[PDB]
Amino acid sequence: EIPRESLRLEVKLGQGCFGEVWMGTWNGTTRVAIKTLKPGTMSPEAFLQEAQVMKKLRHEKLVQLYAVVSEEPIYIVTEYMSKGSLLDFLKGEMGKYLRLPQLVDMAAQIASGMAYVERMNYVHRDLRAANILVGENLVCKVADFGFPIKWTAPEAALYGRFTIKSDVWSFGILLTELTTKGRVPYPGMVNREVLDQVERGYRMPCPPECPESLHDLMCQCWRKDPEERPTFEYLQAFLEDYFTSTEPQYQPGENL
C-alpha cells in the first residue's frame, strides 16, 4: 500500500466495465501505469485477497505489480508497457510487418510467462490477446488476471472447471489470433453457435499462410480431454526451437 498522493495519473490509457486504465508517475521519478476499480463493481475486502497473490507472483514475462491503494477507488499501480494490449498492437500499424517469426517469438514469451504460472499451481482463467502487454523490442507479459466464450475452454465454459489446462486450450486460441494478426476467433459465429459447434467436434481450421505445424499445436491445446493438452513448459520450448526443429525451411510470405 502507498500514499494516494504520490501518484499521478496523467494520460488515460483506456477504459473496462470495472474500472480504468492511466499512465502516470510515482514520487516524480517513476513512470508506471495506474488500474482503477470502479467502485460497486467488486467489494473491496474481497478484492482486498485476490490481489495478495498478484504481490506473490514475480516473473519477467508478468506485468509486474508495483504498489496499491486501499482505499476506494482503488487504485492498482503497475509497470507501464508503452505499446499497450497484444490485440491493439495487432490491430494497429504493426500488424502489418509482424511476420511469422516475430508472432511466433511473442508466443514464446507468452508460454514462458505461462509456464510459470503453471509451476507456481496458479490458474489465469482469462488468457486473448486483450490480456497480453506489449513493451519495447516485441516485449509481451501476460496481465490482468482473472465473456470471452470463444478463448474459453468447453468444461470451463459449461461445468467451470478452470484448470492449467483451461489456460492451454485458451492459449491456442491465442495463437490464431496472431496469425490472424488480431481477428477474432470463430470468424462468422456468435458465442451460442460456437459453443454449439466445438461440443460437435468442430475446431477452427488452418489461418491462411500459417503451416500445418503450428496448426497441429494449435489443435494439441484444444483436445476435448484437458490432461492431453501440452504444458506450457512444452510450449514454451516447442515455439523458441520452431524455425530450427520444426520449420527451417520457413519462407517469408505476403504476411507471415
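We call the rigid core the largest set of C-alpha positions that still match within 1.5 Å between the two forms. Residue numbers count along the first chain shown, from 1. First, how it differs from the form deposited in another entry.
- For the residues 42, 206, 195, 219, superposed on the rigid core between the two forms, a C-alpha shift of 2 angstroms or more shows up only at 42.
- Here residue 101 does not count as shifted, since its C-alpha moves by less than 2 Å between the two forms after the core is aligned.
- Core-superposed comparison between the two forms: CA of residue 72 displaced by 2 Å or more.
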The other form holds:
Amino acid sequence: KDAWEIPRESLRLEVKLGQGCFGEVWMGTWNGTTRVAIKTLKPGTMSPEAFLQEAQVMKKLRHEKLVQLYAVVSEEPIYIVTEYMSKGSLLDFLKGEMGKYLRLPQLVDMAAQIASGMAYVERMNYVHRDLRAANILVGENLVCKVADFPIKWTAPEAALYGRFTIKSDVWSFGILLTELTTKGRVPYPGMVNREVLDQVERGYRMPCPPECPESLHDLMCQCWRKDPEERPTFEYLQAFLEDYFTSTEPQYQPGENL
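Alongside the form deposited in one PDB entry that was just displayed, please also present the structure of the form deposited in another entry.
The text that comes after this line covers the one chain and nothing more.
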C-alpha cells in the first residue's frame, strides 16, 4: 500500500467507458479538479496482485506519451486512476469521425508520439505485447499515448513461441502503422488469424496501404522483419517518424485519405 494509493472520495466516477471481463473503465474527476480515466476491477473476478501488476507497471513508467498512472485504489473495489484522454482509443478515433480528416502528417505525428511512448517503453526494457491502435489513446491536440487494456498485431515469435519483446512490439507498431494509415481498418483484411499466422510465416506482409508512402510501408516492413533483432528500435522509429516529413517524405503532398 503505497504513495499512489488514494481515497475513492477524491474520485468522481462520472461516465462508464468500457465493459470488460474483470472490470469497467470509467471517466471520472480526481480531486474534483483533474479529469481522469479510471480502470475498475470487479472484486472476485481477478486477484488484486494480477490486476495491480499493470498498475505497478504503470508506476515505473512516467512518460509524456504513455498513459500516466495518477493514483490507485488497491483495497477493493480496486480502482486504477490515470490521466484521461478525451478522444478515446486511437482506434475509435481513426474509424470514427475525426479520423476522416486525419492525413499522413497527423497520422505520422501520432505514429511519432506512440513510437516515442514506445521508445520510452524501450528504454525501460519494458514490453507492451499489445501495441495496437486499440491501445493508443488520443487526447486533445492529437496527443496519443500508449495505453493498455490479437495475432494480427502480434509478431510471430510472440504469437507462436511467446517471444514477446519490445521487438515484437516494434512488429505490432508496424501493424499500428497500417491501422493509422488505413484509418483504423483491421490488419490483414479478409484474412483470419490462422490465415495470417500461416501467411506471415510464409513471409506475407501487408502491401502498401492505399495512398500510404512506400517509405512508411518500408518502415512497417522493417517492423515486420521475420528476424526480431533486425526490427528497428522505437528510438529509430520515433526519430524516423518525428523527422519523417523532412528526412523521408519531404515531397509529401496531402491526399484524398492520407
